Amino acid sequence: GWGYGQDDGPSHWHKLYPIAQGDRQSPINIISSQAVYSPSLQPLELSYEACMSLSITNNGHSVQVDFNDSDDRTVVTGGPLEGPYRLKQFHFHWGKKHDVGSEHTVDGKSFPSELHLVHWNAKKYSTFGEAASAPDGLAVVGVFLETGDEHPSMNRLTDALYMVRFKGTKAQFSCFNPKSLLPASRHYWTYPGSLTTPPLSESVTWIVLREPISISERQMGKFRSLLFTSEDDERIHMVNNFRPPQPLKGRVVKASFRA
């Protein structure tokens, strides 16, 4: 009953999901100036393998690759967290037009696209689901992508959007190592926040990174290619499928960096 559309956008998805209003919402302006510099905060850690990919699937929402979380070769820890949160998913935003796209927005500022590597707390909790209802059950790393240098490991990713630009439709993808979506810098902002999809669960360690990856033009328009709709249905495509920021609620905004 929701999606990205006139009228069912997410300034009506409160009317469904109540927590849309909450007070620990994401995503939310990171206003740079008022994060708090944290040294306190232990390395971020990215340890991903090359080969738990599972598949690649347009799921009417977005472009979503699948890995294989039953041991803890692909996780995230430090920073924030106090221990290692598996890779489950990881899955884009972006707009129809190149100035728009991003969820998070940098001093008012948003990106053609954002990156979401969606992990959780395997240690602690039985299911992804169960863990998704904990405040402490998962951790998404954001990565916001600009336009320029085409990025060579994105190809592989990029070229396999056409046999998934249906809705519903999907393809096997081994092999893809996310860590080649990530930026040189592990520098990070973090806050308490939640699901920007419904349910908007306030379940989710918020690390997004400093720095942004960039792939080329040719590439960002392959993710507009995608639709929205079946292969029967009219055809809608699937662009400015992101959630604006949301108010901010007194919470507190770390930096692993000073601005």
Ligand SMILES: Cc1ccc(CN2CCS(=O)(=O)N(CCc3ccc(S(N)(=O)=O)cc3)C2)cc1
The other form holds:
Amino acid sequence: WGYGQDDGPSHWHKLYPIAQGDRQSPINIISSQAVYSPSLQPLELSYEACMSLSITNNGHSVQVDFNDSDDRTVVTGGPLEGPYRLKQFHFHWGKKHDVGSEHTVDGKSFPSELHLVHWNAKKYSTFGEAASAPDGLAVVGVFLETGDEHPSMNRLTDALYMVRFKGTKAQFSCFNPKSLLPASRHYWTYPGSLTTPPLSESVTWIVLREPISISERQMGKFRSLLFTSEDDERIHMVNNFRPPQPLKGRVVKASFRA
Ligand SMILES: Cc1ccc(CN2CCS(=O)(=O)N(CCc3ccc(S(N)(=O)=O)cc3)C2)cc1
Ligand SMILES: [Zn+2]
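Would you mind generating the form deposited with the ligand bound now that we have the form solved without the ligand?
Zooming out: every chain and molecule, the one shown earlier first.
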């Protein structure tokens, strides 16, 4: 599977039937239809500064992995019952600036979307095990728009050249993911799935209301990454996103009033 013309999202169901399931992600969030839920707890992203390990081009995205041996870097509150440890973060983006994000809001897409992936380590033994359970994962999504240069983002975009080819990785120490967060903690939440195969319906999605901004130069660095290996013909990593899926009666809750 991939994001090309022949192995892209519209064909994933041929391999993973759950692709046509009842709690698939991403979705188009219709703001006026989300339900204000004042019973939700405050969302807290408690991240340490030096828990990052490496940055890798896995052929589908660029991902930063974290040390998750303890609960020093976790998300808690909001719709979650307990803390979920951060395992990794990655991005989805487009070839053009009018597309790239997985989730959309009122039919609007952003050029990119950041996914901070957490798991219920207090309850499950491995990330893979948690990924098989309805309450196993929590992914915080942050939209990216282009505008002013993002200072912290420079560390990440400067490291992309060395991982331009599929299957390569580099050490990436002391990058605090809190630096990629907006000043607001308002969000939308709904029960969903992983947005890439195996498409398991084990994710509690937390999509932040406020996007962060990066420069066009920085966004351009992501488009310089490749889906291909060093020997293969070059194919730039772009449009690595899954389009919105049917809501199927699910209720989207909001921590705020629109
Ligand atoms: C590029 C890639 C490599 C390996 C796999 C295999 N996969 C098996 C089940 S797992 O152990 O739970 N894990 C899923 C990884 C994941 C996918 C999507 C999202 S997302 N976009 O919904 O935030 C968050 C996290 C690895 C899939 C994709
Ligand atoms: Zn993702």
